[PDB]
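Colleague: Below are the chains, spelled out letter by letter.
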Amino acid sequence: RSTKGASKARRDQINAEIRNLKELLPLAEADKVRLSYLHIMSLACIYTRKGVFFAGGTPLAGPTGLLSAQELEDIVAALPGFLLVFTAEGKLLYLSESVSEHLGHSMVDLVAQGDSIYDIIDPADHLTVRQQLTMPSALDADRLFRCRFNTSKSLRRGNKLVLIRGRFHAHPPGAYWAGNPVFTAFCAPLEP
Amino acid sequence: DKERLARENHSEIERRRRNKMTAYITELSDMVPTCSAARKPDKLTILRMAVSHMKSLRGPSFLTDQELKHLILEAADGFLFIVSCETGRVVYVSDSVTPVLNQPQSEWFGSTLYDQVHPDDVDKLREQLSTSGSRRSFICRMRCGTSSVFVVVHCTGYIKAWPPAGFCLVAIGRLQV
DNA sequence: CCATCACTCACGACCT
DNA sequence: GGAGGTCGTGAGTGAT
Numbered sequence: 003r004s005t006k007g008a009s010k011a012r013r014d015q016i017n018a019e020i021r022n023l024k025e026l027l028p029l030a031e032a033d034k035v036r037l038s039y040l041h042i043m044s045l046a047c048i049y050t051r052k053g054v055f056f057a058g059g060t061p062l063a064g065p066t067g068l069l070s071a072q073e074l075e076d077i078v079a080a081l082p083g084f085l086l087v088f089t090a091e092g093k094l095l096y097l098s099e100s101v102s103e104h105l106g107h108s109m110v111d112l113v114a115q116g117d118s119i120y121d122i123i124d125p126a127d128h129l130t131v132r133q134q135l136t137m138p139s140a141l142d143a144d145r146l147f148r149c150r151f152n153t154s155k156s157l158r159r164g165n166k167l168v169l170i171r172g173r174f175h176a177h178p179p180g181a182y183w184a185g186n187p188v189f190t191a192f193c194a195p196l197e198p
Numbered sequence: 085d086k087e088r089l090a091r092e093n094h095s096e097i098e099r100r101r102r103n104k105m106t107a108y109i110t111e112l113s114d115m116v117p118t119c120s121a123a124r125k126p127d128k129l130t131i132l133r134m135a136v137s138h139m140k141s142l143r144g156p157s158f159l160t161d162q163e164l165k166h167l168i169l170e171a172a173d174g175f176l177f178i179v180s181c182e183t184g185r186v187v188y189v190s191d192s193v194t195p196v197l198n199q200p201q202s203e204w205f206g207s208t209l210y211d212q213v214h215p216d217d218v219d220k221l222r223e224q225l226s227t228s258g259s260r261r262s263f264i265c266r267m268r269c270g271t272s273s274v303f304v305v306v307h308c309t310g311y312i313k314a315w316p317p318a319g335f336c337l338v339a340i341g342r343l344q345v
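Chains B and A, in that order, give the protein sequences.
Sequence positions in the first sequence follow PDB author numbering and run 3 to 159, 164 to 198.
Sequence positions in the second sequence follow PDB author numbering and run 85 to 121, 123 to 144, 156 to 228, 258 to 274, 303 to 319, 335 to 345.
None of these hints come from the bench; they were simulated from the model.
No residue lacks a Cβ here, since even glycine has one placed at the ideal position from N, Cα and C.
You may find that some hints are simply not true.
Said to hold, decoys possible - Here are the simulated SDA-like cross-link-like pairs (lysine to any residue), alpha carbons at most 25 Å apart as the crow flies:
| id | chain 1 | residue 1 | chain 2 | residue 2 |
| --- | --- | --- | --- | --- |
| 1 | A | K313 | B | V78 |
| 2 | A | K125 | B | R12 |
| 3 | B | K166 | B | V131 |
| 4 | B | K24 | A | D127 |
Said to hold, decoys possible - Pair by pair, the computed Cβ-Cβ distance ranges are:
| id | chain 1 | residue 1 | chain 2 | residue 2 | range |
| --- | --- | --- | --- | --- | --- |
| 5 | A | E92 | B | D124 | 36 to 42 Å |
| 6 | B | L141 | A | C269 | 16 to 22 Å |
| 7 | B | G106 | A | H214 | 17 to 23 Å |
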């Protein structure tokens, strides 16, 4: 006189492969504590899209490791801002862990509100980001604009204005990358 | 009748909670090559294909050293160069110098950093170049523009040995706003 | 202090 | 009947 016992297993299997996703994420052991399921899904959608992008693309030019990993991290920290690269649709691709000090919330805690750039920015400014992102890089490059990211208090909505500065680049071929070039950006705050 | 009105908001919340993970699993199928396709697979299979496909030397840094390098250059609008600690000659310069300083790689390669900076800094330049894995950082002027496609270029980097096979100064140089 | 939210996680019936 | 997926509630912790 029921249908349970099977749904209870489908959920425990889906929500255990999700914990597999979580354990495989290349984040610090201490950061994998709270990690709501829809937050693990977001971190996974970022990582497994910050590879393919590099996997199907041309092997990155230049020599093999002129600078150490810790050296590149120290340069990333020395930067007056934080790196943030996201696709033309809005989906994120790489958020710099240097944002821990320029925004208050760290990288992990920030990708919890969503996955698109349109999930971290205050909705009022969303319109702006759309007009500077619709036109691809035919020849229009080195775009610059401003938005109100989302400094907060641990749940949702002071909001620090940031000056986004960057230019679109090349996307690898395929289905998903259909007119979706990636857009690097040197994000810097407007109230140091 | 307020309790049902609160459970309605809870209903919409728990429905959004599921229609958001439906998007995260669809965008986990619409991007992976293994499940890029024909028959649309079930959710559990998409999650398993994600667990597996993720597994390529993932255990921290979130980014391959060279991927981080390429994204630093493509994001901070800078370039990478290796210079000599005695002769000052550049032994390697990135493809980024034509985008940033409007000069082709040839007009740098083979030349020295001394022929490329403002002389009233070049002496202090030697201070940064003279060794005596240490940190080096300095603001410096640089000749910007030879053809189509002076500025301040904050340079940051480290001094390492020179194993061409595999002392020199490896530095990233970005223009200050 | 208290109630009231926002979020999370599971668990069943139910559709198609 | 079975494999799969959608929908509302009941109950927890905590922000405010």
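Colleague: Would you mind marking each hint as holding or not holding in the structure?
Modeller: Structure-based check of each hint:
1. A:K313 - B:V78: holds, 19 Å
2. A:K125 - B:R12: holds, 18 Å
3. B:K166 - B:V131: Satisfied, since the Cα-Cα distance of roughly 16 Å is no more than 25 Å.
4. B:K24 - A:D127: The given pair, whose Cα atoms are some 20 Å apart, holds under the 25 Å limit.
5. A:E92 - B:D124: 36 to 42 Å: Violated, at about 27 Å.
6. B:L141 - A:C269: 16 to 22 Å: holds, 21 Å
7. B:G106 - A:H214: 17 to 23 Å: Taking Cβ atoms as reference, B:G106 and A:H214 lie about 39 Å apart, which means the hint is violated.
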